[PDB]
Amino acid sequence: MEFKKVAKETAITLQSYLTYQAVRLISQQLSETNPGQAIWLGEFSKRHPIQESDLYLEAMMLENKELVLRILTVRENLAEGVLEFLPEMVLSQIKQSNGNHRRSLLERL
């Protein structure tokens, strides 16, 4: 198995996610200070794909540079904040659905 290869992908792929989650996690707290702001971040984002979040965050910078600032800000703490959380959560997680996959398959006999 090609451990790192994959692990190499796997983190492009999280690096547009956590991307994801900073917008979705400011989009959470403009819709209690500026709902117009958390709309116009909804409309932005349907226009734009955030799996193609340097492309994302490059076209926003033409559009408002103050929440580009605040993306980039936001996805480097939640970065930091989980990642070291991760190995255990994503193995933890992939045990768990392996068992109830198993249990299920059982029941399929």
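Positions refer to the first chain, counted from 1. Here the rigid core means the biggest group of C-alpha atoms that line up within 1.5 Å when the two forms are laid on top of each other. Compared with the form deposited in another entry:
After superposing the rigid core, the Cα of residue 99 is displaced by 2 Å or more between these two forms.
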The other form holds:
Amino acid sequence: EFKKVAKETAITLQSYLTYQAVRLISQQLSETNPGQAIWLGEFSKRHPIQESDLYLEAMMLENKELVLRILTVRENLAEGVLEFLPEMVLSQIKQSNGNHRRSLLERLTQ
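Previous: the form deposited in one PDB entry; requested now: the form deposited in another entry:
Lone chain follows.
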């Protein structure tokens, strides 16, 4: 099932990177254009960024400009971040595993 799981993870990463896009943009808009930060916040109450293609589709009806920036920002975030994710996540898995195996072997040898 490494196909079913790869696919589901990629969809999850795609949507998560989109949330990170909207988090970053909203942070800039806090200083740069506060009334749009606020708007972005309320629209996100009314639309679960979880279902991200629908969110963006919902947003084009009201703010095409913000939709475009999320598209752009998330493409850059992906392009920036994705290359280190393999090495990072695997390394964190090997060391979380390491900790947990060191801890329970400690309990097993009381």
